[PDB]
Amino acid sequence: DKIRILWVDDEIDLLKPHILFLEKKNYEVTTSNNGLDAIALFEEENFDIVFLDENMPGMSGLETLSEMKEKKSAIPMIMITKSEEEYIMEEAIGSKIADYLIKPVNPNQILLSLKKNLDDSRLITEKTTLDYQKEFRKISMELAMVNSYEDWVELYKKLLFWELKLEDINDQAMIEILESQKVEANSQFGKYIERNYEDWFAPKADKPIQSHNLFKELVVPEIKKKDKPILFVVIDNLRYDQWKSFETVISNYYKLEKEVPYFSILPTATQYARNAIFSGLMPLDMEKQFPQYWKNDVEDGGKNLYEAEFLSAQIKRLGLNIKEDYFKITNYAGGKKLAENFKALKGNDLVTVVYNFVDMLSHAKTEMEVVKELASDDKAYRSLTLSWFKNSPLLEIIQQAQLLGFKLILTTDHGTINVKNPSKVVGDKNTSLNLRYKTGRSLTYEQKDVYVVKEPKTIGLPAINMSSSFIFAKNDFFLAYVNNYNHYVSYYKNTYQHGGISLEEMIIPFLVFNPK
């Protein structure tokens, strides 16, 4: 099976040197000197690729292209033309041409196009495979050598780079090697946090940017430039790899200006971390300064009701004098309504949007078999996230914002992790259920599995009484009650949970973009 090329050109006899060149490289070329007969040939025969000129007496190559793609849209098509006109370039690109080569053409430039457009998947798979064999050892080495939070960020970015490259490989041996490096990463990172998290709360401490610092340290510098209105979107419960999975979709509308990885406070829970973003305060100080807004034990509905109030209070405290609105999207319909009415916010200095879709999807994975099959592993969950995003009102909002010349800031409260191993726990139940952190007056737990803080106020968290403590799951543990243990294990094994310590949960993107 030689690769079969259909070349359409009214002057095809002048390109016979190119045809001989390709035929010596095991390509079979069929020629046509008009579009009509070329289309007929293309319907009847199976060609791997088509080359087209633009200028033909009968019908333009661009017309021929549109007709051919209607008949078989999966066939790559390359324009080989004398035309250097920007309008023709744009027409070709807009018609989903694979490449556009300007005559006179180096035969090897044509060969390149053939390899780039027919063999890329194979070449990338081969290259990625061979590279990761050489690189997996270096990553383990670097992982063993990590002794700073900045180094943890850098390592995490290396892991993610490779995790994404490996998702277009079929070899399971290699994928398991990476899954094991992630496990080792989280183990070592868990210990790092256990040893350093408390010191970060000492005065004048060297510490990463965290939830309660975020708005003041990273958003306000963008506001104070006073060059553009800002859409500040907090996508609830987004992992760094989920961001990566739709980075390229966003890059069509927005150019990245700044990317700062930052750290969620503990617990890595929406009620604590996300409220902290908006308040600019640790949860202890939200309880002290806003007792009417802050909730400790609460049912699932009522954890993040006062974010607008928190944010406006912070904006006042920082003495910004800005037109600013807050919206929380909790469903499709609300999303649509904001995309439809977004024009009305042109006058604003700041529009802040919380987008809840994740944590309804993570919940769905626990409850139904189909969502489990769609999110079987992290690769699938990334795929499913990308699908959601591509077809979400959130992307429509971003599109709107770009048309109105808004700056886009994109971040999240905290990520999630696939939990695998149950760790036993006893203690009177909280109203809302979390599987990676607990707070209580009499908590029983396996100490090896959890970071324990016996004096919560030292890390900016509320204490119910003098005895109270917090525990945070490490690794991929989930905290299972001893009563009902077997059903807890069956239900929640291999679900996405949050609240504890992992790279996925704790290290998260903050992203600034300018519209294109």
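What we label the rigid core is the largest C-alpha set whose atoms superpose within 1.5 Å from one form to the other. Residue numbers count along the first chain shown, from 1. Residues that one form lacks are left out of the comparison. What changes on going to the form deposited in another entry:
- Once the two forms are fitted on their rigid core, between these two forms the CA displacement reaches 2 Å or more only for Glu367 among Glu340, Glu154, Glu198, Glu367.
- With the core superposed, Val298 shows a C-alpha displacement of at least 2 Å between these two forms.
- Once both forms are overlaid on the rigid core, the distance between the two CA positions of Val358 between these two forms is 2 angstroms or more.
- In sequence order, the regions between these two forms where at least three consecutive C-alphas each move 2 angstroms or more after rigid core superposition are 297-301, 358-371.
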Given for the second form:
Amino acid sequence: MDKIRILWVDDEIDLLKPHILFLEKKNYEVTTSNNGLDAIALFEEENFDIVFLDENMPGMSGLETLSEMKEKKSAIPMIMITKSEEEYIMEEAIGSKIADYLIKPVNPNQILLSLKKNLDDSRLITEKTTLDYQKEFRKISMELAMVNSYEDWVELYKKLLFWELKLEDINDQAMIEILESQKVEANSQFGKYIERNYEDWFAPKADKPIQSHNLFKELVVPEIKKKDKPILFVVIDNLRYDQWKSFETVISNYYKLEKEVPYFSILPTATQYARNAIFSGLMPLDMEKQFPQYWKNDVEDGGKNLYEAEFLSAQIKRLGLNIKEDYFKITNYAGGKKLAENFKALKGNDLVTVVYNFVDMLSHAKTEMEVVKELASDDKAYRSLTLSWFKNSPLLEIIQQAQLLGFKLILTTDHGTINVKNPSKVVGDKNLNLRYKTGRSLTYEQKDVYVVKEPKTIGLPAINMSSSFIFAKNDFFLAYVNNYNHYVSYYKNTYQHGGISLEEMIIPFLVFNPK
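Show the form deposited in another entry, please, because up to now only the form deposited in one PDB entry has appeared in this conversation.
All you get below is the one chain by itself.
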């Protein structure tokens, strides 16, 4: 049975005979029925690809018929073809998960379009994506080669992201491998770019992107100073650009995007440095000088982000803002639910700052790491898991609450993560699992890392003059020499951060108005 089977329910089948003949010439098989009751029985006994429903029928309405049919077989698309132009009927139909609604008199080609849209869209998107990428990939490879500035890197990354999400679900493995290879080459070139240019960004009056320590003052404070709406400022820990893309469509049910500014995490691309920098408004070295009671170096025991509220309150004072402002750090579901359920207590704030931790992608427990790997083995899976997370997170409940109170939403992150593949040995560390190491006696493969023997020049502390930082490039992960083989097999294909990649370093900043 090659031909598409349409069931068409309408009390006036006579009048539709032109459309039926037209569809039959175009190789559709139409079975007609002149009342809902019989249509339902037919629909139970046979396998239609699609149903067309009149609305105004003397027995059961189209929508009553649809409701019965959907209960039996909810995956079959249902199209309403009706003379009714009334808005309330439109709304009922839409609310009933109609796949389309065509107003009589209908152009027969409008029905054909609808059939293509509702039955062939998946195939046509795959084909079109596939052809378009076949024609595009060479131009992407060459654009990559010509990339010369941080802004070109942003534009190229945006291109890769766009194609990544489109090629997710195609089947051609050749095209998928071509893209994988472009991503590797992009990260190789980006690594060299950062290696060559990062230090110069700290010179006075340098051309540089917005970075962690600039973020609040350059992008958040203007929104505060508009004095238009209270602000919910959310930092999702460790979110990549593609993770944002994965739930863009969900958040749009509540919030309309007004502004999107890609910015660059500082190095290391890690919470202790970049996230504290967001809230302090200072590079780590300056946090060590100006706030020694809050700054902790890697060597010190305990939480590395305990004092973000204190940092943020001090920053807000230095910038001469007089606002009602609170900070929340959610590290678990329970915490998240409590804040969602109690969010209305903050109706009077100018600013609510929420740090919202994602899932731990790097467990030291094998069974937990097995769970993560089954859920997030590759980038597509990671996105899928992220989308599931966001739809069902207390974070989204917090956002809905904020929307109902007319808050503006600022959504951003401290840095992303990258799926690591290639091990690189490091000795001496005396530390966890990140794509940076710091210490006074490090040995390493210098080709694999960006090496900074003078940390203070990029705003990082140094215990003494032997302190160095190394930052992994590409998809390297830094592996300890002891138990090397087991380490490599464990941490291969995990989401790590701390180093240089488009994924880790170029991250979204987003401003939205409540819908």
